[PDB]
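Shown here is one chain on its own, the form deposited without the named molecule, set out as structure tokens.
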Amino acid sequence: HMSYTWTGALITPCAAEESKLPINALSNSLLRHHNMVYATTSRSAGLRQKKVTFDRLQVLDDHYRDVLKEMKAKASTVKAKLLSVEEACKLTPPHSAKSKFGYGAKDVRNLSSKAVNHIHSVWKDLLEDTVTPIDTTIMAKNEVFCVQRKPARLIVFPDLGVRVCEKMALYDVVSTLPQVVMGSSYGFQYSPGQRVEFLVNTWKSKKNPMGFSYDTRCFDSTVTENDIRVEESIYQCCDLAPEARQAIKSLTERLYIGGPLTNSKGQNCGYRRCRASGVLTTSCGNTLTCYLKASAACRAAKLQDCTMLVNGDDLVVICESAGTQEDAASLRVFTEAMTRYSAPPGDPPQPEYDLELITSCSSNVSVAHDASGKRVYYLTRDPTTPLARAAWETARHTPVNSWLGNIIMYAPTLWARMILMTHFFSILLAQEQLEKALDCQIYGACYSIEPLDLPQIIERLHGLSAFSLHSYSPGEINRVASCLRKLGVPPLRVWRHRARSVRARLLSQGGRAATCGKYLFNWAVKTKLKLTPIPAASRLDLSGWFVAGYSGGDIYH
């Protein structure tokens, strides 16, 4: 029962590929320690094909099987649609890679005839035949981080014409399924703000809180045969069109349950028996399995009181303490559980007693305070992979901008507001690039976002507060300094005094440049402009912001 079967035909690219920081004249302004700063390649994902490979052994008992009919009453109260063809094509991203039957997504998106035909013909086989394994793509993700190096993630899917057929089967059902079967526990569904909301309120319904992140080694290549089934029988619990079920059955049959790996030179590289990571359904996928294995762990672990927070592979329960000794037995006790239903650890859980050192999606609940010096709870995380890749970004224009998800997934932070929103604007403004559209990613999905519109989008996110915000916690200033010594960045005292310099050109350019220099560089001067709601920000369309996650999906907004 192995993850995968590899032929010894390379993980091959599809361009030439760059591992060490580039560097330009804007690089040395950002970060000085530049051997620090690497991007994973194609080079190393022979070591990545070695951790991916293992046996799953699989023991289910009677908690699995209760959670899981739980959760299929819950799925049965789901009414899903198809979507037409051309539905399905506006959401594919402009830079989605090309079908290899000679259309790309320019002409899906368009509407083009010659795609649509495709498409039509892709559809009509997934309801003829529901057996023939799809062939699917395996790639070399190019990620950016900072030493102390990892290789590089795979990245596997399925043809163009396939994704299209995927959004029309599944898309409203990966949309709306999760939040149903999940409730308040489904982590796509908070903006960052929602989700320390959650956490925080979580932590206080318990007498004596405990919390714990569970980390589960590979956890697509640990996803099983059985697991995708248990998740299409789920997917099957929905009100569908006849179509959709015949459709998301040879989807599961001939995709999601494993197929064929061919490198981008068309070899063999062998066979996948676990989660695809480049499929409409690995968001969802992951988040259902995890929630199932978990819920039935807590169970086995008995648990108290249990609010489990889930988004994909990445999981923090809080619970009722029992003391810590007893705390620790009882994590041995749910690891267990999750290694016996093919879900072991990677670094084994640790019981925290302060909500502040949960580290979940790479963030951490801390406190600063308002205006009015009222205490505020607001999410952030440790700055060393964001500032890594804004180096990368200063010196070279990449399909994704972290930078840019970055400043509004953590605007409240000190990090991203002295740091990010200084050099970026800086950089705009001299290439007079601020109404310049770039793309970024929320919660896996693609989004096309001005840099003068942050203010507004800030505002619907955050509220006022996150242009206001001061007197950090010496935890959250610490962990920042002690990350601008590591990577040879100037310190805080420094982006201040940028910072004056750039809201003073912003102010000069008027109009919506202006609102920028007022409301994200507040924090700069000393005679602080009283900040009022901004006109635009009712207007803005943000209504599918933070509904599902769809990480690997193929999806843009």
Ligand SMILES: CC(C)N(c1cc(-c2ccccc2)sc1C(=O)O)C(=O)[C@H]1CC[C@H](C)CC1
Contents of the next structure:
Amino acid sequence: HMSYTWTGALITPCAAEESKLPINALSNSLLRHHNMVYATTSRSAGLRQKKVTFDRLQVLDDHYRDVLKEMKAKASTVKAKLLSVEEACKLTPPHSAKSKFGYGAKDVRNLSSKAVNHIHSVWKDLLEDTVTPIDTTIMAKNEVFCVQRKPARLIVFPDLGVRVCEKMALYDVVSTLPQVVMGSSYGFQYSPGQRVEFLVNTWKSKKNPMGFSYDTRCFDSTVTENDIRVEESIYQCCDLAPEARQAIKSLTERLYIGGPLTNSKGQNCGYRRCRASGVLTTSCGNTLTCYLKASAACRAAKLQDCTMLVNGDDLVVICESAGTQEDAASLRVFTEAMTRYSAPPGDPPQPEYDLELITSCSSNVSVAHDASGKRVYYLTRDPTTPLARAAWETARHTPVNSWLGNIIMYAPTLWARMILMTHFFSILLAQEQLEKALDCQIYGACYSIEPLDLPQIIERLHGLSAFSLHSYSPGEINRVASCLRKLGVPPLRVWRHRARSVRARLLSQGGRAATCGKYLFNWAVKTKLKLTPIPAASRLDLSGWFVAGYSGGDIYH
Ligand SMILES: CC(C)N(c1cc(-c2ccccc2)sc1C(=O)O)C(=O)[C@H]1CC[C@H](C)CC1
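Structure of the form solved in complex with the named molecule (previous: the form deposited without the named molecule):
Below is the entire complex, every chain and molecule, led by the chain shown above.
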């Protein structure tokens, strides 16, 4: 019952890869310790192969089947529509991997007769054949980190024509079903502020709260054929068109359960019998299966008044404490149950009794004060990976701008405001690129975003307090300070100078730019403005944001 079998062929890149941080004239203004930053490449894909390859055993008990029954009952309430080919085409990212059959993502998006003709042929084949394994491409992701080196993560995805077919069959399902099945436990329905609100209210609702995060080792590889068939059984609970049911069955049998792995050179690399990291159902499948196994494990561990929050393979549980020694014992029983269900731990879960100390979705709740001095909870994270990626993005244009996603999602944080906004607005000003729409990713989906809209986006997501936070917590200050020393990032003195410069220039341009200056950088002046609601912010169409997760799923807006 191995997760993968391999032929020995390499996982190959498509283009020249870089691992060392490129340096340009701007690099040192952000970070001096350049040797701390690296990108993963296909060179390390061999180590990853070793890591992801193991035997899965699964022993499924009555808690598991009880939870599944309840999940199916809720799923039976969902009605999902089939997308037209052209609706599905318009969801495709413009820089999505080209088809092997002589068209690309922009062909798809333009509804080119060639792409559309092929997509219809793939659809027909899905309805007619529910057995033949579908080919997938395997590639090493190029992602940037700070040292202490990780091997490249792998992405496995079918041809572009199949990906459009997945949207047709399942886009409505994966967008709608998880919230119905898991209600408030479904993480991707929340903006950062809403996630914080959910966590704080949940923490406060317990008499003696305890929480933990559970890290499954290599979650995709722990996902078994059983798990994937179970996911399919849940999808089929929905009220679907006959054609959708057939396509979902076909895609499950032919793609989701497993299939051959081909490198970018076209050599057979092996065979997958676990979750594909690059299909539409990656996020929704992982979320459901994690929720299923975790809910069942909660019952096995007899955890009292459990509240779960689940985002794909990321899991937080807040429950009633039975004291430290008992909580430790319960978590060990929880871990044992997860292991039996084929979700063994990476790091063993630790009980926490301070909400700020629980890290989930790489983030934690923290506290600061707004302009009136009121305490405000907000979501933050360790800044090391954001700053390392920002450094890469200072020297190189990347298909997804992590800095922009980080500003959007972490707008209220000390580090996003002091460093990311200051640094990148400086660059955008200098290059006259304030009005150029850039791509970023939110919950796996790709969005095109004009930097000049950032104040309205921030006000809408986080509220005006995001432009006024101060008196951050000692833990947060310590972490940010420690990160800046580690990476050799300049001090507040420097960033405050740059922010005032950036601000003054933005005000001069007028219009949306001045609004950027006024709102984003009010923190940098001695005589602060009183920031008022931005009229234009009421007229932003933020539909599609914070509905669902689409990691690996090839979704654009
Ligand atoms: C106290 C004051 C000087 N201060 C401050 C500096 C901190 C800082 C901590 C570590 C490293 C660098 C700066 S924290 C901290 C705060 O108010 O909590 C501030 O005015 C910030 C300045 C940066 C603003 C984005 C947010 C408001």
